[PDB]
Amino acid sequence: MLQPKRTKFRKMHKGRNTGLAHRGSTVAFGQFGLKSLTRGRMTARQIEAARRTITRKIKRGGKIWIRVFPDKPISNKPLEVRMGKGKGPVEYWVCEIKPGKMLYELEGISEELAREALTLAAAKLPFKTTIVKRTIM
Amino acid sequence: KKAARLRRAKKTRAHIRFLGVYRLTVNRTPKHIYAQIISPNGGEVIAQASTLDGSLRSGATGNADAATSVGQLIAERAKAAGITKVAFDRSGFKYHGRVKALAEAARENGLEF
Amino acid sequence: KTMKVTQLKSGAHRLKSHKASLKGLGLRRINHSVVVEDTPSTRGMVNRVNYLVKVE
Amino acid sequence: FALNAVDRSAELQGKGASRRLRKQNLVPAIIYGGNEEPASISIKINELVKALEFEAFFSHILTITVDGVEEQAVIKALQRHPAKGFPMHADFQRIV
Amino acid sequence: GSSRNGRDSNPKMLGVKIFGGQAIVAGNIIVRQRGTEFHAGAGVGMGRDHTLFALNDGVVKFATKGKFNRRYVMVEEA
RNA sequence: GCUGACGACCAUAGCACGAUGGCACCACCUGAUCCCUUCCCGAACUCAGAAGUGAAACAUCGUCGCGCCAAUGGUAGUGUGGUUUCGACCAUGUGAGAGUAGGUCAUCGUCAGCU
RNA sequence: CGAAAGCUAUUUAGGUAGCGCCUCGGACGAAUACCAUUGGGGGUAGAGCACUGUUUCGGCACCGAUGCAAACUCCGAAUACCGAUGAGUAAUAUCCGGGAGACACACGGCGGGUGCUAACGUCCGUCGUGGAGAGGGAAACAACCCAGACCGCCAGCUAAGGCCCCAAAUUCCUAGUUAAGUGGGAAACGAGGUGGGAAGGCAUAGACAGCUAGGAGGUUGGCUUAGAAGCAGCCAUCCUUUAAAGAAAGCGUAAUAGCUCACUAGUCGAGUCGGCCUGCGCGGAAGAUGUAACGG
RNA sequence: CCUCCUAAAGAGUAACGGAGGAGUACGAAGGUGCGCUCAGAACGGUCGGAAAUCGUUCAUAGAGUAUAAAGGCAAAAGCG
RNA sequence: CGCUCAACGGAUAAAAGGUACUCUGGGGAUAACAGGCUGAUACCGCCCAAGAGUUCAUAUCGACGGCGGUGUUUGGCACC
Numbered sequence: 001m002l003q004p005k006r007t008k009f010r011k012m013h014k015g016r017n018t019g020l021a022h023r024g025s026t027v028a029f030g031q032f033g034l035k036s037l038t039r040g041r042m043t044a045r046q047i048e049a050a051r052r053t054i055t056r057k058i059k060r061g062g063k064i065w066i067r068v069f070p071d072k073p074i075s076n077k078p079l080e081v082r083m084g085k086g087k088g089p090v091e092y093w094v095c096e097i098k099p100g101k102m103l104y105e106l107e108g109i110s111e112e113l114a115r116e117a118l119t120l121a122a123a124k125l126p127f128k129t130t131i132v133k134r135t136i137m
Numbered sequence: 138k139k140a141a142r143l144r145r146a147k148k149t150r151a152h153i154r155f156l157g158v159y160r161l162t163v164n165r166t167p168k169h170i171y172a173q174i175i176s177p178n179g180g181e182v183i184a185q186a187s188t189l190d191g192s193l194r195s196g197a198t199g200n201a202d203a204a205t206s207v208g209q210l211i212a213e214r215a216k217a218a219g220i221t222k223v224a225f226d227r228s229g230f231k232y233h234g235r236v237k238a239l240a241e242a243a244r245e246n247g248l249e250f
Numbered sequence: 251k252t253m254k255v256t257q258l259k260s261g262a263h264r265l266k267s268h269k270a271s272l273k274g275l276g277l278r279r280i281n282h283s284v285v286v287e288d289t290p291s292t293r294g295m296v297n298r299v300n301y302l303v304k305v306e
Numbered sequence: 307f308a309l310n311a312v313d314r315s316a317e318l319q320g321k322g323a324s325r326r327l328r329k330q331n332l333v334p335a336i337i338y339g340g341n342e343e344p345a346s347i348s349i350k351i352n353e354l355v356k357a358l359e360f361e362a363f364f365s366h367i368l369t370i371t372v373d374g375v376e377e378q379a380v381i382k383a384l385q386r387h388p389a390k391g392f393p394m395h396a397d398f399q400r401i402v
Numbered sequence: 403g404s405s406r407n408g409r410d411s412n413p414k415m416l417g418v419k420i421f422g423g424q425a426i427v428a429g430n431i432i433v434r435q436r437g438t439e440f441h442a443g444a445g446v447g448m449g450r451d452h453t454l455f456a457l458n459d460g461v462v463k464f465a466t467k468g469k470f471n472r473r474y475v476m477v478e479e480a
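Residue numbers (this note's numbering), protein chains in the order written: chain A, 1 to 137; chain B, 138 to 250; chain C, 251 to 306; chain D, 307 to 402; chain E, 403 to 480.
Think of the hints as simulated: they come from the structure by calculation, not from any bench. Accuracy of the hints is not assured; some may be wrong.
[Unchecked claim] Have a look at the derived ranges for each label pair, beta carbon to beta carbon:
| # | chain 1 | residue 1 | chain 2 | residue 2 | range |
| --- | --- | --- | --- | --- | --- |
| 1 | D | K382 | A | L20 | 20 to 26 Å |
| 2 | D | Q330 | A | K63 | 40 to 46 Å |
| 3 | B | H152 | D | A316 | 53 to 59 Å |
| 4 | D | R326 | A | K77 | 45 to 51 Å |
| 5 | A | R6 | D | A316 | 35 to 41 Å |
[To be verified] Straight-line C-alpha distance at most 27 Å; calculated DSS-like pairs for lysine-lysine:
| # | chain 1 | residue 1 | chain 2 | residue 2 |
| --- | --- | --- | --- | --- |
| 6 | B | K138 | E | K469 |
| 7 | B | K148 | E | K467 |
| 8 | A | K128 | D | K329 |
| 9 | A | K133 | D | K356 |
| 10 | D | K329 | A | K98 |
| 11 | B | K139 | E | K414 |
[As the list claims (entries may be wrong)] Here's a subset of chain A near chain E, in silico, CB distances under 10 Å, partners left out:
| # | residue |
| --- | --- |
| 12 | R10 |
| 13 | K11 |
| 14 | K57 |
| 15 | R82 |
| 16 | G86 |
| 17 | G88 |
| 18 | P89 |
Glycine included, C-beta positions come from ideal geometry on N, C-alpha and C.
Sequences and hints are given; from them, build the entire structure.
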């Protein structure tokens, strides 16, 4: 359950998600990269589940890099409460995702096993994903 | 230190530039003393007098008497150049000793400030 | 020299500036042709309302 | 280590003209450095993709033949689509 | 959860009042500001709230001058 | 040719490294009687002076090590009209930031002095 | 001729008053609007870590890579706003006075806060429409699109939208795609639908499929385990006979055993195999009066 | 009533929207003239340390500005 | 000079409650029932497969996660 240890402000605005992912579209740390073709919100629970499935598949044979962190807080309102009377608290944290953004990277493992693990992680995640080979340029 | 001396002269320099009057700036060294009159624009020298002048070059420079002389000659030069009302600029030097004698000579010899 | 300007489409529902541009051109109604001297100000007006005007 | 290019005219430059060119399946590129002024060219996207497949292409001396004049250059930068990944622009430097 | 913070202050209407190239007479307020976002050069005076106003007739000019690269407002006699 | 004062400009003018400069000028430097200084101290400031030195500082020269400046092209955004699957797209006008090639060890003004 | 549902204040919130908006009379006359050129300041969109934080990895708080932010900014537009000059067009702008009405607004875009980037939800800014507006289109449908009705004509041209019949106009022409009535509701995902595109692997030294024969020994590789023999799990994945055969890709056994597969040789003879991108299609797809998700 | 955001780069702009302060103080904490430059880090030094004061080297503000925040502040608006 | 006239443009120098014993003028400008919009929640279904199932993911069940349908619970709005 990734979460910032402390934050300057408890609550944050909803914001708008637009544009392509110009930064973070290139794989650096690891040879094997998984990218998101669709924009959306990535929850900490989603990140944890994908990490756990990838770790189980690798069985300590490869190194995993997480390029997504849920710094942004999300406020949700409780049931049987009228609209207004103040903003709700941060039930959960999400990471804004843009098309082409790096989610996970793998190194030190065979391509086929990495592809299978990335397939499992994609199945868990809400984003369409295409595996991309790392390119120098 | 010349750095500190310029640091403590800038207040008066800026206030005189705001006033927009001709400025009688002094600059004294252990050997020589110089006085010159700068235009309100701050980039034109219209009158000058130092102990490098031939009249008092081969003499007791770096002295209160030399400062008094330089004041008298720059006062005459300013009178001949048409300047009558200036703002004194000790240029960070304490208004005292050679600077004070220079200022008093200039003030008594035609210039009023 | 002079140029012929005609209003293809209605200007009632356009922005205030575009309506004033049509007034400056002199076109009060659709399929109305007017004569104006060819100069960059008039060309700028025709450019601003280009979509709803044509020039002969 | 050779590729064929075509002069990119001033009317093929800019945002809209660049998008039209990529719709006509040409990748814009600029050859600069060396001694002379920059030259704007277009490279067929399939040829450029095949050239980018090979790995020493990024570290050896390349030869651009612009329907005529010849240019020895080195690929300096490559702009790809953030999501699709296909090459969008090329930056080459003349080698002296 | 009640986080009671529904306060705000009234507007102050700060900003540039007369821009570059405009005719200006003595006493016109040019800039209303907090601190010296703009400084007073020749022809412009400075009030206790950092207001910049024209000391004489002329045309307002904006410039970046000095070592600190400060923004300056002047009134040129033109 | 160089030095000093006052300015223009405020890093392509800076930092860093190395070299040259003492006939003028500048700076150190000698002394604290006198003017004037220290919540103590001649450090600074101030006065009276040239025995000594360009050591430090200062000025000039050289470089690309840093800093700074910086294209062309492309991309992003964007006013107007239209379309839209609401992500965007088309026509037109505009056009960044970052990065790359590259540039830089400033350019001038008034006065005075030695040569 | 012609609004407003706005600001401010209010024992005020469905009232009232000042201002903004309408009308009439007078004064004034380009001082007003549009467009071209041009002088200005900005900190928004975007972008970025140089400050305030926050995040991952590696090296050793600091360095190098790597992301994020309404109350972060080393940067930074397009618009908009304030001015100047100059044409043309225009029933302009400003001031004084008489008379009001209005201070419940709504929907559709765009920039947002709130909400669940839910609501024909709620609050702002801004543009269009209705309000106060007919007409044609969207089947019916204030707010969407085209367009602003002075009256009359059994005249013509067009806008949006359409041209097989209801129902006015093409069973019009060219080139292709779909076989689902998709068109004419619905996603993750799945598949051997179909068309096209850029490249690949193999191939008459016989490519893919099919069929026949083999598919082995060290050896039950070592560890672990009650068992662990290619096939629970962990660490190797070496050698030999070879034409080839994996310390094994599956089924199977408590473990064996057993059946396959990869691979090789033989038969056959010509094209064949698997990835990527793009267009249109398929499943996923269940509700209550009656077809009833093209108006028919 | 004041500061920041919302607020869409002139001004203005709402929500029972997101965050904090005010209902004072000073005859000096005002005026003028003059003079001065902070926080930190490291090194050395009796008690004396992580950190007291003293000395040295860097240090455009990483300090201070009576007070909440924004802007500003070197001619300091900071300190005598 | 005297107001925490702080409901801060301050109604009087001077002021709390009950009503199911009640009553009048209005409102669907505004709530409870129902209908309407929405679908957070709820119900159902599907995707992945860690596992349980003596062995064995998929006979049967489906952790961490993801995507839909219904209007069908608890809700939101206040359109009749």
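Checked hints:
| no. | hint | result |
| --- | --- | --- |
| 1 | D:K382 to A:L20: 20 to 26 Å | 22 Å, holds |
| 2 | D:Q330 to A:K63: 40 to 46 Å | 44 Å, holds |
| 3 | B:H152 to D:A316: 53 to 59 Å | 57 Å, holds |
| 4 | D:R326 to A:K77: 45 to 51 Å | 49 Å, holds |
| 5 | A:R6 to D:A316: 35 to 41 Å | 55 Å, violated |
| 6 | B:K138 to E:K469 | 21 Å, holds |
| 7 | B:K148 to E:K467 | 18 Å, holds |
| 8 | A:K128 to D:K329 | 25 Å, holds |
| 9 | A:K133 to D:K356 | 16 Å, holds |
| 10 | D:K329 to A:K98 | 24 Å, holds |
| 11 | B:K139 to E:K414 | 45 Å, violated |
| 12 | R10 | 8 Å, holds |
| 13 | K11 | 8 Å, holds |
| 14 | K57 | 41 Å, violated |
| 15 | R82 | 14 Å, violated |
| 16 | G86 | 6 Å, holds |
| 17 | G88 | 8 Å, holds |
| 18 | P89 | 6 Å, holds |
Violation of the numbered hints given earlier is confined to hints 5, 11, 14 and 15; the remaining hints are satisfied by the structure.
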